[PDB]
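A single chain, nothing else alongside it, follows as structure tokens in the form solved without ligand INS.
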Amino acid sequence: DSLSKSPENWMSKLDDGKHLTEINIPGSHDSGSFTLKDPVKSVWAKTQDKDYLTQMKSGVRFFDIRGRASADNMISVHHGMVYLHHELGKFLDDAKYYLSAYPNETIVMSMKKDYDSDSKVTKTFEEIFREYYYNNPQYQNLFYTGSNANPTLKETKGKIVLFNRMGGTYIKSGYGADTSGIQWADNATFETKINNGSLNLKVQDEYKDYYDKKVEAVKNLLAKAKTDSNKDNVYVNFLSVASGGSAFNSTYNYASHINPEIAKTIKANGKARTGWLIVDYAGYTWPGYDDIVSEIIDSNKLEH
């Protein structure tokens, strides 16, 4: 069958000699926002209703973690100023649990500073993630720590690869893991070289677009990924969009229109390269529409 039909372990069915970059990977934008209940606040701050484990079960492999330093030893999951009711440890344990049960999957975890540190913090966000997470013995063996600039599914399987959005880091494994980090253009389609120029990161993160212009931005990067068999090029394509203050154009409303559309587009294109598509409300299905996660998963060509 399709890999779609077994989302809990689609990556085991792949040829693990593939570089993560050439794999078509579903990701979830602001992964930990599933905790929000508040109806008013969720319009704009909630982007997921499935928890970590359920996300991973539905086939999400890219996780968008944005945090705030709560204390010199602690990172809280945040959507900008909105606290998501847990620390990073929690994502790490769910992730460890899931990888232990499906040791042929890799998880790519993005890590970003999304709001000012608690007044008590005296360390930087990068130092705290590095010392109290990445180098913590608690999470020994959880992270990829190899020195390959462009790691393969075999080298990373059963692990978290850091996708570094902290800025320059002293961490040495993962995407953008150098003292230069990743140069991120605001609300843009852009391209930048990462990992001492080893990789070419091409991102569409135009998070303030309206429906029509977003679909277009997404499809434009989509059409590029499709004709590009360079394993040194990494595509990150965010389907997600900001809502703003009061309006009842929630992130969910935008998602219910963008997801099916991009999904129908991927299906039509068959088995062509998509890059990593980061989506809101991963796994939320609408009767009579194509599912974006499932469509992403199924675009992977099985050859070996």
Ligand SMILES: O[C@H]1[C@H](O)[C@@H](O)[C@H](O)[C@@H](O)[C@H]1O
Given for the second form:
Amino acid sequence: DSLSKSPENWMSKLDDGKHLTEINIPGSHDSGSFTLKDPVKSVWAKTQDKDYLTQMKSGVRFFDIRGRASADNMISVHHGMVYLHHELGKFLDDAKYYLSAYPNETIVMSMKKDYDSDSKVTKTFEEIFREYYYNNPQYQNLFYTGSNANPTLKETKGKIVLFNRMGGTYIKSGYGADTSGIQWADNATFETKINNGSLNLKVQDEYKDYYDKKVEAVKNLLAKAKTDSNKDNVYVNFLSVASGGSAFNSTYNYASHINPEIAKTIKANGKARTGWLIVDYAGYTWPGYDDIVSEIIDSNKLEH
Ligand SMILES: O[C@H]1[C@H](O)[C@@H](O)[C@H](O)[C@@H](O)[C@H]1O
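Show the form solved in complex with ligand INS, please, because up to now only the form solved without ligand INS has appeared in this conversation.
Let us now look at the entire complex, which starts with that chain.
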């Protein structure tokens, strides 16, 4: 009866009546850094080792896309300064390709300008994205354009939904899609209203935390999500941290220690509300250890 035995289609099995906030959804942090292959330059920069398409087969439905405008018509996928060797449009095609395959899955694409734009560039990153990406003919059916604020799965089945960190946007469909974007606190657990007071955003993004204070920070959010069945609260709980949490040698190596541990909690809680977990090294499982993504998936309640 376990849903994650087949990660490619896990959503297609939920109740399309559910709001997407009410859906426990695994995500990858810094989703497109999988292209890094210099082991050295990789110690903190690399956060994933699969590609989008596998992340997807693997069960990942929240992607943390970091972008930089390198052209008025182009958004580069970056990790700060570090160009990650593809274009925004690399992600969108693979995703378009993928929903196209598993049409009853939905993806939440977060889009945050991680770096200043190149000198040629003139249009703002939001401008750049509203114009040449969201409002583009090629991606026309893919982006949820829906009127709703608490979008249902039924509504967004087959659509890339926006979790927008671009700031104020002239886009009206997705999460915090409105003129005042989403205020995000630097390095903190914090709460805000988005999409014009329709939804509350409760985030744990304490990315600077030392390793034990990180872990306590995710558990804290997870203990909030668990006992909150309000549709109008969205939870995004970042399991990723800087510097290995000051406890480890590499983001990979840090990853190896948080995920399994967080996985144990989630599993302890059984079928409860957990919100959206953003993990480094999504879909990587160490022999013996619980898998955070799988547990995320199996924490959902599906059929009575
Ligand atoms: O380095 C951090 C980390 O990538 C977080 O996941 C992101 O939310 C922050 O914006 C960023 O400053």
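Residue numbers count along the first chain shown, from 1. Residues that one form lacks are left out of the comparison. Here, rigid core means the biggest group of C-alpha atoms that superpose within 1.5 Å across both forms.
Novice: So with the core overlaid, does the Cα of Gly270 end up 2 Å or more away between the two forms?
Specialist: It does not, since the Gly270 C-alpha is displaced less than 2 Å between the two forms after the core fit.
Novice: Can a Cα shift of no less than 2 Å be assigned to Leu53 between the two forms, given superposition on the rigid core?
Specialist: After core superposition, the displacement of the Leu53 C-alpha between the two forms stays below 2 Å, so no.
Novice: Could you tell me the distance the CA of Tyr210 travels between the two forms after a rigid core superposition, in angstrom?
Specialist: Here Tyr210 registers a C-alpha shift of 1.6 Å.
Novice: May I ask for the C-alpha shift of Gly244 between the two forms, in Å, based on superposition of the rigid core?
Specialist: So the C-alpha of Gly244 has moved 7.7 Å between the two forms.
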